[PDB]
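Engineer: Chain by chain, the residues:
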Amino acid sequence: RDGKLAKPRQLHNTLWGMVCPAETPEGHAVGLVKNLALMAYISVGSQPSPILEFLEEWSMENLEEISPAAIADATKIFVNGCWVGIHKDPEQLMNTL
Amino acid sequence: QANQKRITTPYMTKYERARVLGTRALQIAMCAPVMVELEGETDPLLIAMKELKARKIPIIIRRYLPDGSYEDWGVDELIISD
Amino acid sequence: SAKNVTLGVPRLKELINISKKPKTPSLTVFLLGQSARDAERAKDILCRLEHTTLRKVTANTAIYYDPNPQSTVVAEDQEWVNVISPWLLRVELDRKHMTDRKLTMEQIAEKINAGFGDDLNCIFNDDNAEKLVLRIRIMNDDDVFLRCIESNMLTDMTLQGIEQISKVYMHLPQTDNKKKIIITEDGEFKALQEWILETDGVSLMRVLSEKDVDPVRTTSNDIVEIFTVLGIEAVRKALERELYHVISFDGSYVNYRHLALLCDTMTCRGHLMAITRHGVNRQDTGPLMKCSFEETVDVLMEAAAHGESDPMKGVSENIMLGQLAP
Amino acid sequence: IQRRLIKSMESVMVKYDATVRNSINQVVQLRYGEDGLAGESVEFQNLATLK
Amino acid sequence: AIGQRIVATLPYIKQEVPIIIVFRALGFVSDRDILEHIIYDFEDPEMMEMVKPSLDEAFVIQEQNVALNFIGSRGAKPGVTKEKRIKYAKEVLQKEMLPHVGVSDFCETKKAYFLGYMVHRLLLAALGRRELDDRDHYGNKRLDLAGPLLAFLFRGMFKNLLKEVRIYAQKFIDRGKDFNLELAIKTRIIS
Amino acid sequence: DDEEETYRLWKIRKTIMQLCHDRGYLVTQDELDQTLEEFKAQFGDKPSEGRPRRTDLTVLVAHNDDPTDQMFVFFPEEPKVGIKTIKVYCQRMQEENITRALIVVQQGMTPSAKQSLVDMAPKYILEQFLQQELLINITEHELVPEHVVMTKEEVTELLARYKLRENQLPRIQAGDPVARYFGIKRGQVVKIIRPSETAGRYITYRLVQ
Amino acid sequence: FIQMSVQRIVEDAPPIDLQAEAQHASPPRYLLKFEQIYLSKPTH
RNA sequence: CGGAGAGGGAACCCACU
DNA sequence: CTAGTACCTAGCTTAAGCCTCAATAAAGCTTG
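From first to last, the protein sequence lines stand for chains A, B, C, D, E, F and G.
One rule links them: number in UniProt numbering = place in the first sequence (from 1) + 616.
One rule links them: number in UniProt numbering = place in the second sequence (from 1) + 45.
Residue numbering for the third sequence is 1113 to 1195, 1207 to 1263, 1280 to 1465, as defined by UniProt numbering.
One rule links them: number in UniProt numbering = place in the fourth sequence (from 1) + 859.
One rule links them: number in UniProt numbering = place in the fifth sequence (from 1) + 376.
One rule links them: number in UniProt numbering = place in the sixth sequence (from 1) + 1.
Residue numbering for the seventh sequence is 176 to 201, 207 to 224, as defined by UniProt numbering.
Worth double-checking, as some hints may not be accurate.
Part of the chain D face toward chain B, derived, beta carbon under 7 angstroms [stated by the list, open to error]: (1) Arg-862; (2) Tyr-875; (3) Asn-884; (4) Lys-910.
Simulated from the structure, these hints should not be mistaken for lab results.
Quick reminder that beta carbons are idealized off the backbone N, C-alpha and C, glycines included.
Work out the full structure, taking the sequences as your base and the hints as a guide.
Structural biologist: What follows is the structure, encoded as structure tokens:
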């Protein structure tokens, strides 16, 4: 708090529908303490392993299988931020997911 | 300094006016003899105001010059602002 | 176009705390004569002030291995007709910035020859072909030396303009005070609208020491630079002007009494006494007085160590002891 | 900013010499406001003989 | 000079380490293999022109062990012998760096792919092909609710409980008579 | 590149001559305000390997009250002047009956020469100036007010009038451009006449420390 | 949290094996591994 | 018996102008 | 044997100290 950098305190564009734009304390906690929108829900977490077994069986390749020759034209898959594999057809896998 | 060499203003400044009135009305509150015939008013501050207006306050002001010297200005002798 | 002048509380901080590095140091350079009247000579003064490196004018840079300078691996009949190291350097400029800043290949080559001596020879194409080529050799740690000198020459060469002034603006002022004001033969004031130019850097000394630049009116908006160039009394006036600028920018009024008193007490010691613990505690006011402000440990131990005596002639000194402050 | 300004000028006052001196009697102005005049008793005026 | 070298300050490492040294320590002796993990299409010379200033910084390390030694020398706990720095830096690369991509016997290829992706992401921002990520973008934020907060705090208290069950066990097994886990467990600490 | 250097040297000479006039030394109006053409015809347009070269373009002047104290100025050819290149000027200092002089250097003077100028200062009160610094007369600037050097008797009159001691005055450091321009030791107060937007004109006194 | 995260925290903790002071005269250990947390309703 | 009233403190949090 | 209680142990800025680099005069060759 009591910091002259107003950038964190400002209402960000990505607060639409997840954080109340109006509701915030007027003291030294403007924008730092923010409440929650009505239908805004916070994910609780689950194991990504079923997603992993589902992913590994359509047409994608793990890192160990392929060479970086064919990695430039295809698309990189991240699961919880870890680079799991590579897929040649982004479309119809997005639709499948 | 001598009476000939008086370089300070002949006007009684607001601070002198406040402090002289306070310290004279305090004396009146401690039953000091009044210098002006009163008409039944009992408040020492109003008594001191009347004495100041009549120019009868038995007090002089020592104005210290910055160099260290001083001047003795009698309340009766310098001009009251109000 | 340059209203990032950081007015308000930040400028008040930059003035009170006299900072070596303000966020927006800028000039208000005025012009002397016919250059102040017409725009072309104003642009001529502008280009002599705006700092220009050789990065600003070149399009791309490439190096080759030509075994023979006569061979001309690149098809250029100019080198054929013009004509000892095989590893050469080639840079392509653009006509746009070239004719914007009014340089010549001869000027660029003589700048190179003066900066680096006769350690290299520049072979420049004439100002007739569509392409703007100058080739660089090294006369007799072989080509990485050429790589490093290429980087050094692109980074800082000062083809035109003076250092530390990056961008300079040019406009006709609308406010009467910033406009030149004269007196006619019938005692009028006849507000004149002449060309002025503002910068985004500050030198204040290589600027006024330039032809056709008015060295009578050029303020620099930089208190420390004014202190270095013009002296403490000019500092007081310039500081007053900059301190009044922020207050009167809002349209509000503050009596000159207070501005004069502040600029006096900030400059009554011959040096720029910035109002911090670095300027207020340095003056010999008294350990008790200066142990009420951003202090009260270092000051007190220093006073105990040096046996300093507090005359108790201040206000915050008599206040501590429960005495009538003067 | 206000506190820092006050702590740098808190002892500057008009002496009975009518000059302006700090706590150590160093002269800041020979007359207050370089005229010796109170700031609460002045007005805005126009100089007729000017322009 | 040369300009635009790429460094990677690493956890439990006092100084920054050039990325190519990191890859060689991770196990890639060659240079083409390392560049295969950063620039995915070799026909883009703009990427090469900015990656070679970092390549020519580290043409004195050619094998895995010298790079391990180089990292260990910069470690917070510098080993006295070569084979101690080797093990310390190997442990750092195995567990401290990039845990989420895997900590197992052989995860070097996956860690190298992810680190080369990180370098590629840095180069994309340097060339302007992409744009800098926003810190206030609440896509980049996560919310620690009662669940995650109590998990973070219970994990530490549970470790503290274990490291006192261990002390009680040591105090009884130094004499070696016997021990009781009921007395060993200090139910006070967690609650 | 000789027109620019000739113009630069002409402005340096003009500023130095104005400096001498303000300091009190005797200068004729003809040399006080001469155009660039007179400088061209009197020195030679060719600072690079030509007749308008330094060292015999230097100026010597004398004070108005008595033509005994005299003030040279010197423009060394060396960019960074040194002891051996100022001991010659000191030898001229001694061979003449002169007391003080100026040195307008081309680039920054060396610290050894600065320490020398400090060391023989009481015998010979000579000071330095920069080529860059003397291309403008700073007193002509609108921010710089009218500075007037007080004589000792009127300094004593000022102190006796205001009943204040020598160190209570506002002060000015000797290193700032205006005090260096006039040329004045410590313990020498300067009248400073400046216009007041509140009441007309205001006189302030800065002492050198 | 109380369903799965406490379970994973209590299970992923490594077992502790502990020896004597390296000898007695001129030492075996144990594992003590635990799992399968149980949680009951508030009691007083 | 006398009217005794003097009644810790640090930390953090929220809030008011 | 155990309990109860009594004794032991986020950024800014600016000076300010600390790290390296270029003239320079003594110290001694060096040949005129």
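Engineer: How about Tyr-875 of chain D: closest beta carbon in chain B under 7 angstroms, or not?
Structural biologist: 5 angstroms, holds
Engineer: Given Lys-910 of chain D as an interface hint, is its Cβ closer than 7 angstroms to any Cβ of chain B?
Structural biologist: Where the cut-off is 7 angstroms and the nearest Cβ of chain B is about 36 angstroms from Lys-910 of chain D, the hint is violated.
Engineer: Using 7 angstroms as the Cβ threshold, decide whether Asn-884 of chain D counts as touching chain B.
Structural biologist: With Cβ-Cβ at 5 angstroms, under 7 angstroms, it holds.
Engineer: With a cut-off of 7 angstroms on the beta carbons, see whether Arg-862 of chain D makes it to chain B.
Structural biologist: Because about 25 angstroms separates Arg-862 of chain D from the closest Cβ in chain B, which is outside the 7 angstroms limit, the hint is violated.
Against the hints set out earlier in the document, violations occur for numbers 1 and 4.
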